[PDB]
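Here's a solo chain for you in structure tokens, the form deposited in one PDB entry.
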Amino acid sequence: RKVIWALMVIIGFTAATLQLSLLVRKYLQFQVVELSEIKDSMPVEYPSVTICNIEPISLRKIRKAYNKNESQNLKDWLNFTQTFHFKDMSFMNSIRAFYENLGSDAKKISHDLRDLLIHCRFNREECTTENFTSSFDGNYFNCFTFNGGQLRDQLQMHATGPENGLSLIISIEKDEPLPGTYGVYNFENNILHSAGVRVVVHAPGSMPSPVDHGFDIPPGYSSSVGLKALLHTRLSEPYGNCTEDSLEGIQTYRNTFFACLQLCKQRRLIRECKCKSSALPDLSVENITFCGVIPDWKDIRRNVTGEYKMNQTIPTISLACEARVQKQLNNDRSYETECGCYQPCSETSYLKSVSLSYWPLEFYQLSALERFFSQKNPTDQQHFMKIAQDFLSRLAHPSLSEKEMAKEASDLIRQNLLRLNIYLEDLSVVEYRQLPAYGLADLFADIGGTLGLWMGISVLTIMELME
């Protein structure tokens, strides 16, 4: 009978409706599929290169500013920090206390880029210190960025190999200790008391993080870093919550998730107890100063009125605040969900291979050293490698007794100098692209087959049943 026909048509209608609902719910689950493809002829951008000296403070600079009539704030601060008693003494002896309590005089204790960088060369063109930008850092105090995206437009690489990349001859400015003085190994820090250079190779125009993402370079070796470029392309809403925005910080930075988290930490500190930390990115918010500045410490020194008995305890509630919040943030990981930090939509990263070779050869030491002493200030009064130049000159101009002098000169030069080549190994860029797993066109195609037929069946059945 035709009732069987009607029931048997309506069951097919139900099946078609199930198909429609299933496909629509699949399209509303905005799945993504990633595919990796090698892009050639894509212009490669040379990364930003941040170099920091592992020894944050030059002791010889302190010694000769100690003899200077000028730089009185340094004498005041040192005598002040040794005359009293402070809770959290590990911070008072740190370099962050120097930075926070001596705003401008602290540049007289650090390393200047002219002292460090004795040779630069990019793409077979000579550098100077004129296209490095300096930033303050915690526990390194200064980090100099090449290709930071501020002085100049972004550099590009059109060749491979060490010749065409960046090449630096750096002197770590190691200093000879005085005969009777010795240092104290801070057994509560995992980074201090080394020599070398901390190098960060990061995406062009992004924020550096020398402590986390850097790698060390030892003196006396030519170290080469070969880079391979990678590009990650992500999808925005509704396929994901990635963003094209850029970080603000102290200067506009290209967006990276880690730097967003660091800025979130800084904002949380500022919100909670009205000061910012030196061990975190600077923000420059009004009415806010560093967590650890002791206001009027110069007045705290000088009892014009009867006050401040020696070995006193100076109350620093801001240090306790900042330390407590640091510990809470370091041991609890819940703030991350409360302050945004979406992933960047497009992100360039690098795969690096670092390798060492012995450098420089003895036969070429003297001439190299002749450059090093003929570039800087004509005041060669005293440097760690003056003895090296004297020994090498006395060898060249007029063999055991001179074997010791050659050995000592090489030992000094290789204790102080290093070379660093950063270059692109290949110009092919491996790109990981997100795609909509089930796009709108695919759904349109899958549905258009059943649309007309089944809503036609529905129209016919509805118009027949109405009578």
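Positions refer to the first chain, counted from 1. Here, rigid core means the biggest group of C-alpha atoms that superpose within 1.5 Å across both forms. What changes on going to the form deposited in another entry:
When the two forms are overlaid on the rigid core, CA displacement between the two forms of 2 Å or more is confined, within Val225, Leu247, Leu102, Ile109, to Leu102. Relative to the superposed rigid core, the position of the CA of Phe136 differs between the two forms by less than 2 Å.
For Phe215, a C-alpha deviation below 2 angstroms is recorded between the two forms after rigid-core alignment. A movement of the C-alpha atom of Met310 reaching 2 angstroms or beyond is seen between the two forms when the two forms are aligned on their rigid core.
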The other form holds:
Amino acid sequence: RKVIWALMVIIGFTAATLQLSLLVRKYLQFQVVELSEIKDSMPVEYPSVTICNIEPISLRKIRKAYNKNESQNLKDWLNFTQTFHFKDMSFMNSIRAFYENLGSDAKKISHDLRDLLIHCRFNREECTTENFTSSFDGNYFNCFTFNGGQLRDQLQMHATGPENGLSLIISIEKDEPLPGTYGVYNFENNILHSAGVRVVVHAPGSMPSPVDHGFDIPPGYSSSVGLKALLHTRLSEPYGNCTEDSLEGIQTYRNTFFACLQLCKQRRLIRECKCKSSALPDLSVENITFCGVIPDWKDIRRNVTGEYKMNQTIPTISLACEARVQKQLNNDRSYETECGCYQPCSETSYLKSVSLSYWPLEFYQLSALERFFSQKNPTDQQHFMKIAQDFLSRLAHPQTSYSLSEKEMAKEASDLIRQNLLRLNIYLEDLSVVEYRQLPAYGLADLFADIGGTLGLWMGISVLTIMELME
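Next up, the form deposited in another entry. The previous block was the form deposited in one PDB entry.
Excluded here are partners and other molecules; the one chain stands alone.
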């Protein structure tokens, strides 16, 4: 009768041990699952807000330079870029090439936060330009970061709504050009030649991507960006490969996958060709310069010896190589696994809802302009705010109904103000952070809970089989 006993015991043992092997195999493939939960009690970290002027250059500083005699380089540069033939003519008829081939003048022409940010107010407390760290970005020359993680440790929202949040009255400084001057529309550029502010609401301590990640905002409108905070926490080894590292770039940035991809693209570009792209994050590696830098362009323009014929092609080898490598990188994602890099173990993103409204009312424009002057403008009678304030002040102090002229003055003041000024509120709609946490699909505690009951008896029965077998 023991034959049936042995056969059924063997069959049961094989079944149980195959089941246990299947379980330990399921654990061996370290699967993960993303669990989303709304945490309404965890403190919300206010993001980092990078504001850029969509128009990089300022026509006011340009006009000032022509009225003086320090614009010669620019006057040379234009005279150079528009006399010789260049490949990618659209690139060096643009402003990025102007930045690359002469950087100091580009800085001297770019916008300043003083002139740009006219009023700032965070968490019901006044903030100044001292809360914004400046940085540079080609085609978005000057970009200023509030809550950049450098001046102060970090900023937190304990309150929702646009009242408890960043509020920026910004003048885009859209100034009328020189009397006989018009800019060149770079048609290979999908983002520039627009009036407004490019805002990047990104994770605190992470480098901004004004081109890729920014959203633009128009003048003459109060635009409110309500944010919902998403916290994506990942698993390190062995379940995943995220690390709590920090990107290098120019300055230590909190790690984000896209920013690291941009940095490794810049490094690959630096390796393949001996130049660097102003589209990608800066790296400041000696002696690497910008791609599309004609080193002797001043000498070429200065036709000291007549080997440079009119409308002659200029090589620009580095620019072509950069274009080739950028095309290969943009049309193929295989590089993403070479420079590797990893997702941040903890990442913070934001769902932004942008809603705009007509701002400011013609009723409040005079009271606005009064304070904007009283705080920021002691000079420059030839300014929009001043011409607008003259109209509004003669309306409010004539010394019934608005006359046609009175109406014309009010309308001209409103057009000036709303062509130049915009309010931008950035706030948390709710303090409930939506957390996507990566969890082990088959935890080790789960393995123990699913094997121990079998294993405790079946190791003993294996010992029984041993004793019955060879003794």
